[PDB]
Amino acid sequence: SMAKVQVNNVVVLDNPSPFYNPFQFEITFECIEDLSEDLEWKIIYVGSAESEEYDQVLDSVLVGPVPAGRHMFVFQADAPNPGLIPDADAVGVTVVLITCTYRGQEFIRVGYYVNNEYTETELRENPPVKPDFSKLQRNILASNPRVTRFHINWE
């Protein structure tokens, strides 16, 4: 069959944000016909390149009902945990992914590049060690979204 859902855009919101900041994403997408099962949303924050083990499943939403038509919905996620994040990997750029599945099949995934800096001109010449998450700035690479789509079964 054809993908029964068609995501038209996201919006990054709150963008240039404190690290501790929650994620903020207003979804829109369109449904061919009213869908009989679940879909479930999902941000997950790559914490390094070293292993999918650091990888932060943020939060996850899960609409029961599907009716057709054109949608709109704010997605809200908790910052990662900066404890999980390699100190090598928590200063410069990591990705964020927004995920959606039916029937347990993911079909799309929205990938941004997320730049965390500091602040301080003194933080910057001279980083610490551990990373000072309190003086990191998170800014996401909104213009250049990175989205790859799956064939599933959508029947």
Contents of the next structure:
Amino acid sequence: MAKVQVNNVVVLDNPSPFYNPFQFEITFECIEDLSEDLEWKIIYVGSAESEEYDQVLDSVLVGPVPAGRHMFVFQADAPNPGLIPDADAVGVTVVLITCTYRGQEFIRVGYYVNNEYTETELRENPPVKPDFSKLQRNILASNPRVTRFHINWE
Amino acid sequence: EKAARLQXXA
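Okay, that one was the form solved without the partner chain. Can I see the form deposited with the partner chain bound too?
What follows is the whole complex; the chain from before opens it.
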């Protein structure tokens, strides 16, 4: 039905320190050769309440993509802590992977991410200002939230 | 309902 079918996304290097780059091994199948490019993005949700704090970590144009199976590791630098509101830094946030074809988003894969301290004192008495050098990022990889939108593939 | 904003991602 859809020219591009995403078969699987594997979260690599997880858990890891907050500052480590994100690494996702994506596998997708192309039913027919694609005339245009696929644009992949990784978006970090800095704040659940405000859109302005979403950070596009990386965007990649892959194309043209011939028919068959494609597998690639999408890597993106960790978010800029200078744009993460303090109240949202520690605890659960979301990381999204999106793909568009001809500007139309056809898949959105989201993971809940748990940012937490690893030292007992910090876990019991967290600092007023979040210490990103002491946070451990744990992408909850066992439960991805997926949405597939039916777009125009011509 | 903290993630009600993200309801275009289950």
